[PDB]
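Of the protein chains in this complex, all but one are displayed in their positions.
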Amino acid sequence: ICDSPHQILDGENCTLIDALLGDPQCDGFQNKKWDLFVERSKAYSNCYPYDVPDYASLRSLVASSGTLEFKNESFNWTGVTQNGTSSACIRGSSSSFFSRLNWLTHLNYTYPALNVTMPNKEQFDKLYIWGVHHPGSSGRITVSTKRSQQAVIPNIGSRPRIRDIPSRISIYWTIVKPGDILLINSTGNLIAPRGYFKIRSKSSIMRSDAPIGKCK
Amino acid sequence: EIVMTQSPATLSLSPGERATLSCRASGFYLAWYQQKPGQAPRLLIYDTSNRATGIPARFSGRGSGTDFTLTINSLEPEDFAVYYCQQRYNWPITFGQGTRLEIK
Partner (left out) sequence: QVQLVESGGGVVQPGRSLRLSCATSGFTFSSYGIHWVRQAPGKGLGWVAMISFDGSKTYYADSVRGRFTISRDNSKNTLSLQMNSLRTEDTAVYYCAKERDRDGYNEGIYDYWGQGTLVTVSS
């Protein structure tokens, strides 16, 4: 793998999606920009269990963007607190969680319909990543735009402990073009997004296992 | 519980050749298990792409989207056995119906 002509990123233990989420052990890759992404077979995650029902398209899109360029946008989420600490996903000496998502639960044991809205003012497309926290008793989620309703229903049900946390953080993606206005509604446990990732128009991704070296 | 399928029940290959194993189920936690005929199975893989203790690096797991795969870059006589793909998301753990590697 040559370095001089094209920008490579490698990654000890980060799958491209894990760097996208900002897993605590892969947090060093924030805001990184690349031309080609390269993936170790050692890749593993230490946070909450998770699953992207459209893994392939998300991988291709993020790789083609060639940038994370995250920017916190200060969504309202005023009704309840946006931080959440899990026994897994340890980062440091205490509990932690993804660095690009929220684990809302609901303060005062009540979850009002949040009805969050965020206008996409910029001239370039934006991508917002959110999830649904399948527990292990009530709640429905919907991410609405001018083109789709990414309806999701929390698939409640018991499950096997995977990292001492019997649940899932199923992750979806949402494009929000200029002029369109993201709309979000909820009734229960929602993995509230923290901010968009920019998209930039010939980068790609290759799953090579060659060593790392400095050469042309 | 998911209905986990696997590659054809028997794949015949000569030692040293490259092999691939499929476990299309329709993303994570699909540990594989190795059993030698007349022996209690043993762990080979503990996640879609991570190897357990002692396994040679020749075995490599990849794939995602309920379309996982296990590619063997070079077979060895000890590799000709039965391989079952597990799954941990949801309570009922459903091993695949299994497949056999035979010395061609």
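Think of it as A and B in the order they're written, each chain with its own count starting at 1.
As a working rule, a contact is a pair of C-beta atoms (placed from the backbone, for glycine too) under 8 Å apart; a residue touches a chain by one contact, two chains touch by 3 or more.
By the touch rule set out above, chain A reaches the unshown chain at residues 158, 160-164. By the touch definition given at the top, chain B reaches the unshown chain through residues 1, 29, 31, 33, 40-43, 46, 52, 84, 86, 88, 91-98.
Keep this in mind: only the chains that are shown with their structure count from here on.
Within the complex formed with chain B, the chain A residues making contact are 41-44, 49-52, 55-56, 157-160, 162, 168, 207. Against chain A, the residues of chain B that register as touching in their complex are 27-29, 47, 49-50, 60, 62, 64-65, 88-91, 93.
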